[PDB]
Amino acid sequence: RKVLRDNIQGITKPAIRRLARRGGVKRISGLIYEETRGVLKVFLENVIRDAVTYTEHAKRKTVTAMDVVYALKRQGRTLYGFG
Amino acid sequence: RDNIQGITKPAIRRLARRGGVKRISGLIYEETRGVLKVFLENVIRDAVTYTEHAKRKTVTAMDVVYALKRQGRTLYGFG
Amino acid sequence: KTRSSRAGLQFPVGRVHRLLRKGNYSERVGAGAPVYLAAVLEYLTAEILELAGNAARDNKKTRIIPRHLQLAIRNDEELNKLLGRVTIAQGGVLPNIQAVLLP
Amino acid sequence: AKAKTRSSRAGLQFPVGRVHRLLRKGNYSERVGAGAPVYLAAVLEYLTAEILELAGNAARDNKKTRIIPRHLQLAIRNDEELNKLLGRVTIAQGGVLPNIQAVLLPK
Amino acid sequence: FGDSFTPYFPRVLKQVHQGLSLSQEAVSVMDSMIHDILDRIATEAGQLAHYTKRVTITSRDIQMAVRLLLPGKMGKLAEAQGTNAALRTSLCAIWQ
Amino acid sequence: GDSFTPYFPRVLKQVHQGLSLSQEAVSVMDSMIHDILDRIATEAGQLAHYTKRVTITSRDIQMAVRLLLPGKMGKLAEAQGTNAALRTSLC
Amino acid sequence: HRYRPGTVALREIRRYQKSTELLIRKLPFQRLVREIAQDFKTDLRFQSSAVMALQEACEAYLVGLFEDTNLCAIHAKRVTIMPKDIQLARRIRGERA
Amino acid sequence: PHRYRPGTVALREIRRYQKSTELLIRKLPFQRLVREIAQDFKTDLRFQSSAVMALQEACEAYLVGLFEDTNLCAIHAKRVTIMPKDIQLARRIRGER
DNA sequence: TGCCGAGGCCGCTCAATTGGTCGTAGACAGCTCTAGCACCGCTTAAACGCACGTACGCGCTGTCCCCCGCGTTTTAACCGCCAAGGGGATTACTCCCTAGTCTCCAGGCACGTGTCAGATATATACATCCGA
DNA sequence: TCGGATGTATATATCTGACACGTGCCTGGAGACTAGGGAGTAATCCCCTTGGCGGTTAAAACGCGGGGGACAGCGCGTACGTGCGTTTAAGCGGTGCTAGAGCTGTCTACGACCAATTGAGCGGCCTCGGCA
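Residue numbers (PDB author numbering), protein chains in the order written: chain F, 19 to 101; chain B, 23 to 101; chain C, 15 to 117; chain G, 12 to 118; chain D, 55 to 150; chain H, 56 to 146; chain E, 39 to 135; chain A, 38 to 134.
I should point out that these hints are in silico values taken from the structure, not numbers from a laboratory.
A hint or two may mislead.
[What the hints assert, rightly or not] Straight-line alpha carbon distances no greater than 30 Å define the calculated BS3-like cross-link-like pairs of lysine-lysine that follow:
no., chain 1, residue 1, chain 2, residue 2
1, F, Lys-77, G, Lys-118
2, F, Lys-79, H, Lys-130
3, B, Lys-91, H, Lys-127
4, B, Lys-77, A, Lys-122
5, B, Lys-77, B, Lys-91
6, E, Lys-79, H, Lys-127
7, G, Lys-118, E, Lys-122
8, C, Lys-74, F, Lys-79
9, F, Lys-31, F, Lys-79
10, G, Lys-95, F, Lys-91
11, G, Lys-95, F, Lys-59
12, D, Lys-127, D, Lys-68
13, F, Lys-20, F, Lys-79
Model the full structure from these sequences, guided by the hints.
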């Protein structure tokens, strides 16, 4: 149907570099990339797990912005601009 | 006043030992005194606000636990 | 006359009254409690909007955007401690560089 | 009549009526469901059994037969799930887990 | 629709600025933030009233919850705002 | 007041029969049970509020506890709760 | 030409500290979200607003963790972040015990 | 004329104070401190002994947590002697300054 | 230099406002007796100073290696547009659930009742650490 | 350094004190009933979202030099652990007062529910100057 494989590479090296520049750091070691990919992976794991549980409780096959904003609010990292 | 000096050097030394450190710098004493005074100030403010709302003059342990819980770090063994 | 007008305020006290009575924060609400709550909300809005309007007009722009709200929040210790874990959409950065980074 | 208890019907050891009263008292909503206090009692008893089993191990291995908060914090810190649930709690009479950074050890 | 504060965010600028205007994006952010602060202060007032064993959530409950949330500087200012608002409501009655 | 203190010895006896709680271990255990129950309850409450319902059902508690706990202990709690639910359903 | 290493680096720090457009390409992040999601419940669906919110939140979390690990690496008198820095900054924040 | 090698006594007292559980700050000084720091918030107050004990326990836990964190910090910079900069870094990463 | 957001216009309808009812939350008064407070003195555990050695924090220096910046090449993100049908959101209605009430009864509670494991202090042998 | 000194878990007799146990009881938990509405179920409709396809191009990949910076070594001088002697004030246990927590009552304004009214800002226009 919609089988998927290896999207973690979507967060490319220059994207991580631009994110770090936004963070305000000059140099970057080569080993930073894969581990920050893993960090993003586990963060998204927790966030979207809470979100999808919220959805399932509502008996909705789709995820809405309210779902993820509630998940993030519970995560101790609230969000604005969406309801 | 100097009542902050009640938290003496060997006291916080043993405290850091329980924390798991081997060496201490002399200025750590003053720095820890400062941060501890800040933490007190905050928790005591919240507790005294709770009490003032309850229209009381003492400070029940229950309102202290309320203040700690609301501050982020809860506390057990006191109900 | 309306209570909101009777209070000399700008927020509709009926709205916050309905919110409280719907927010199930208690079984019953007080008489003046919604008035006081509208007052504190109006004051907070006035303060944050002052800060945002300043942080926007100094940028030579006449349209407050969430970037300006981020500037206003991250430049006030009180609002920060109140809204530290907030991540506004189309915002979320404060311009600052550490000392040891510059040559 | 016939005097049968809901907790007894559930084969549990927690008072389901008590947690029902707690729920209705905490005004968490306007009305509570039938099976909701039953499920809550079940999950609470499971949590209690688990943490008490862990503390009992962490005490009996310590050659003592009396659970004190020290053993409770042993059991809490010695589990990742309990940590993720109770890592933001400071048990009375403390008893931080004993650990030492390997770099501090001598030659 | 929604029954929110958005019809009032612009009409307060005239008391704080002159020419600036809200963007259609930022107004929603401000509205959501105001709803969030409203909820965060109301739950604190309710928890306080429950702690004092009372069930009514009256003015004094909010007056204490606001200083419990907001620290000294802005807290006392908001408190004074609420107090003078209560005064203006009291002095304005059927007799005016 | 009403709490769980007279129950901890009961549940303990079925897992570590050769043991005994202290006079404060029961207190800290009771406070812990109280606050985690309050946490689960308020989670289920502000969860049922989202779906515009006003009640709190066993399904709400199930979703809340799965949303509040990670995989292993979460699923084990779900199993325990479902077993209790069906047991009550039997009688 | 070839600028001395460091000059161009500072430019892309002060520049991105003003604009706020997303730094991660939309489609790859959206596909990654779909991937990490499908394991929990199969063949889900997402409102574009929802995945945009995911991207915003993740960007904020990453930039926060990165400025924190930058502080870390500075404290070690270095100017190059390293995996140990990330690990320390995460342990102090309290998500890895 | 025997004398222990420098450092060993520190390890031994670490093992001790980590195995033990009792408080570490003298009661009356901490109580006097709570008194003098409370009277300015509201004058002429009273304190249940259990309440000041709870303050003591909470403060001990907070300090020991901050200390193990700052120890990790100071280790990260190849040192073994915690310095105030370590405290500032730990507090900033924990997010209260 | 261009066209869309917003000032100014006018008509509507439903949420705010008034008046009123009545059940009750609690404000207030009063009494009790509990725990906190201030103090009294005694013992000594612990804090304080000091001297001393030495472990290491730091600063410097040299090396070697590995990110940056740039140029070129590839690629897939993106944007527009078109389908399309899945389910999000909506209204209507019934029914099955809960709140609340009254009655009834046993689980937990408070009481006294024994009762044996748990902390104390002294002596034992061991783990460890540091000196050739 | 291996052996000797020192801190430490180990064995053994004590009492005592928190804890297992039988006895009334009562009050909260359970049973049964009813009345009313929250929501469970079901059409439906149309919003959007998922699929796809073409260009087109900004962005990612790859490579290459080269310089800055990470890192190992060392030395050196200082700040801190260690230990012993000294002061002090914490903690010990009584002891006495009393302000205030806490429990009871009760009377009153106070706040939810509700019938009736209206104008305020909400829907949709008309039109003008600034944000892009």
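Original post:
In ascending order, which of the hints set out earlier in this document are inconsistent with the structure?
Top reply: When the structure is compared with the hints, numbers 1, 4, 8, 9 turn out to be violated.
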